[PDB]
Each structure stands twice: as C-alpha cells, then as structure tokens.
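One chain is shown next in structure tokens, namely the form deposited in one PDB entry.
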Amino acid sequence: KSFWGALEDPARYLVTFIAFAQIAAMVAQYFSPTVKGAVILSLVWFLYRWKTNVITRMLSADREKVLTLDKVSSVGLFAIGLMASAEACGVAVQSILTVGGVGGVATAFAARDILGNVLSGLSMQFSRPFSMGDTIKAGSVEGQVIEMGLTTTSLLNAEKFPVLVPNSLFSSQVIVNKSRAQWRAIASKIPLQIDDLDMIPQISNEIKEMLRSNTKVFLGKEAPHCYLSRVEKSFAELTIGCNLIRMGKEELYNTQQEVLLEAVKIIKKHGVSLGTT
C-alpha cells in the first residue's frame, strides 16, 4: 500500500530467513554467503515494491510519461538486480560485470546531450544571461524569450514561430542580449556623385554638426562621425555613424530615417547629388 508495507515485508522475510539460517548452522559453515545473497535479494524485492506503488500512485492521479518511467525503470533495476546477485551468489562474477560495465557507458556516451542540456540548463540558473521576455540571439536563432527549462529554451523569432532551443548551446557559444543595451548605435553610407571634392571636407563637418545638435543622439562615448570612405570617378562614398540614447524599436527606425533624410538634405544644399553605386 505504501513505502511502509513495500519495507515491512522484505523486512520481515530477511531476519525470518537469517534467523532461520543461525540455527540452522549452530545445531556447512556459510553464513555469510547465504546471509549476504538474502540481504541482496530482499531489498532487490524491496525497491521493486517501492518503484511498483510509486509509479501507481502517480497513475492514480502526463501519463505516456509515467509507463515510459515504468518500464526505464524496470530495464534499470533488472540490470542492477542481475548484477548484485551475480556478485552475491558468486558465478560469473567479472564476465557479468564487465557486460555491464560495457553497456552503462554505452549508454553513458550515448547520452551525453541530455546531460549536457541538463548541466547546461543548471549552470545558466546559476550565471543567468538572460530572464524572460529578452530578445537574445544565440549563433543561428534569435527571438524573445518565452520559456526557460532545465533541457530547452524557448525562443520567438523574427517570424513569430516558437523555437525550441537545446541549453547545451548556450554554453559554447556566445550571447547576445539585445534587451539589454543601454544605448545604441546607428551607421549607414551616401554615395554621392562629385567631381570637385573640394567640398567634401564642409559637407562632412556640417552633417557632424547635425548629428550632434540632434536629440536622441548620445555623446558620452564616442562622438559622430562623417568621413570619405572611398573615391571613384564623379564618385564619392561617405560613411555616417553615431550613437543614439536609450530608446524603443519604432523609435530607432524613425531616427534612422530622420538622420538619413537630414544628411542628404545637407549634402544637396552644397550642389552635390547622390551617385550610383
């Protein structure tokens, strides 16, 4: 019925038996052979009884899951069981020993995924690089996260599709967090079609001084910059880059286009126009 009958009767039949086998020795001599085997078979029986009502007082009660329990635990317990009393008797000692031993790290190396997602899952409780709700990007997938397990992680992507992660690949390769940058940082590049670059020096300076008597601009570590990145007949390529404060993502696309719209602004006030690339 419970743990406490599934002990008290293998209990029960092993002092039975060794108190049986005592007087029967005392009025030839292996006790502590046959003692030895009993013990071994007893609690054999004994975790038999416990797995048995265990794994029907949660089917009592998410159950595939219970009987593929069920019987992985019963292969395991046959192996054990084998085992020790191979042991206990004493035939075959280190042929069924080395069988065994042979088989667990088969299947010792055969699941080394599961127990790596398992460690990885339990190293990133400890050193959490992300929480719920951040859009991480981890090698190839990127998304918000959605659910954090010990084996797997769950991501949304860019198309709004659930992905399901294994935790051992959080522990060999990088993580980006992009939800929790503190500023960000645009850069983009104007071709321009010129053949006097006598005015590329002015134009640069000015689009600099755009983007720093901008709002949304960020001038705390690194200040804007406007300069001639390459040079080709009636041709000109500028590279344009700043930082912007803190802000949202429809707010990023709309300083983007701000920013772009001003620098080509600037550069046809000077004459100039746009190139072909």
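Positions refer to the first chain, counted from 1. In this text, the rigid core denotes the largest set of C-alpha atoms whose superposition between the two forms falls within 1.5 Å. First, how it differs from the form deposited in another entry.
- Positional change of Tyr253 between these two forms stays under 2 Å at the C-alpha, relative to the superposed core.
- Once you line up the core between these two forms, the Cα of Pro33 ends up 2 Å or more from where it was.
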Contents of the next structure:
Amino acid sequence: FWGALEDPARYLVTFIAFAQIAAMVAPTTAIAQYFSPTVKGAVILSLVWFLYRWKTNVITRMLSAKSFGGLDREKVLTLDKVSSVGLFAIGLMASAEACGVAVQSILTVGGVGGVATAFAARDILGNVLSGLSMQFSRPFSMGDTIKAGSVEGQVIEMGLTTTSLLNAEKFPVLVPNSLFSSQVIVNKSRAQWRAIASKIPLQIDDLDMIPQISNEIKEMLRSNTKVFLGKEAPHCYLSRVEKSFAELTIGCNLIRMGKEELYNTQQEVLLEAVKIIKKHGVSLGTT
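Mind pulling up the form deposited in another entry next to the form deposited in one PDB entry we just looked at?
Lone chain follows.
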C-alpha cells in the first residue's frame, strides 16, 4: 500500500534526512565519514522496514480480510515466513553493505549462503523452468495419453512445477516437469495410423507352404478396412525357425483407432489370420 505504509517507513527517512543529517552540519565527525553511511545506511534500514510493512500487510489485506487469498491459508502463512527471511537476508545483507561495517564478509556469507539455496533449488526451480518451457514447446494438452518414463497416462492437469497425469491404473500421477525436458515424451493422442506387431507361432514341418501363408496373410491385411497403407506395407514374415515351427511376425498399420475400435481390430486381425493358417492345414506352435 503506497498510500498508507510509507508513514513510518518514509516519514522516518524524511525525519533522519532533515532533522539530523541534511540540515545539520555539526563538525564532530558527521560529514566526512557519517554523511554517506547514515543516509544510504538509513534509507535501506527504512526501506527494508518498508517492505516488511508492504509484506506483513499481505497478512491484513489477503488472509485476514479476503478469504485466505488466491493461495490457501497454510500456503500464504508460510509465504509470509519464507519472504521474511529473504527480506531479513537482503535486509542485513544490504544494511551491512551501506553502513560499511562488514561489507564483503556478510556478502560472502549471504552470497554463498544464498548459492547454497541455488545449488539446492535446481530441482524445484528446474521444474519451474521446464514447466515454463512446456507452455512454449507444447508436448501435450489436457487429454493426451502421454508417457514420460513408463508413466503412461492421460494428462489431468498441467502445473508450473508438476503436471498430474492419470495413470494406467487411473491413479493421478504427479510428474515433475523436469522429467519432460530431460526425457522422452511418447505423446499417444496426436497419433494417426497406429500399428500392430503381433506374432503367431505355427507348427508346420513343411517349410514350403509358408510363403503362401505369408502371402495370404498380407492379402488379408491390405484388403482389410480401417487399415492405413500410405506408410509402411503390411508385413508378414517368418522368424525363429525351430524343431517344428516358425513364428510369423504379423505387422499391420491401422488408422486412428479409438481404443475400443482398436482391440476389436487387434482381435479380428489375429483371428482371421489364424483362420487363414488353419485353412492351410497347419496348427499353431508351442513357442
């Protein structure tokens, strides 16, 4: 409040301005060595206790009068405590710098004791900066079923420090944002043309009808509705040939499945594929 707090803050620096310092030129060691360390030494000592009144009138204005603020009560009552040590740290650290008493000895205990809280606020401040860069980069939105670190889930909320995303067990995970600027984000809702990589083991003991099984499965997959063909072709090749079988890794490429249309297709592709395998008189394998 710039209309009601400057009275003991600024009127008591107009006081020490006029009463003792400016009007009075008393020659008993008060000009050469006290005119500068008691104006700047007293502007600061009554600008720190300006900011203490501008700060602790967020006690009167925000929590006492308004209904606990735009924060909560326990959030703002420890904010009028962690901003009262960062105001005493700048208060003693600037009031000792202007009074000339121990200038570069309190600045080195408060520039090193204040870089201790910069070595240590690399996690919470890294989350603030990475969550500040998620607003520019935009990897996801409020519905995208992303995954950072096997943290598959749809994004509930996007905060500054932590985005909360609702897990595969429908548990609201609260991912810190520094896991988004240092890790892979597999965004799974801005995804068109999804894919199948299934595998069917099959007991042949023939090893020569199997290019016709591998041809007719491809002829199933490219003559399938809701299958995308502009990207990679539907592949069905064999691998892992053993004493009795050869497992065919069926691959296909769907188009914009909605997760209940998806599993009907991942079911019916594999079932129709097994129908084509049983058409050639060969049963399925033991793995």
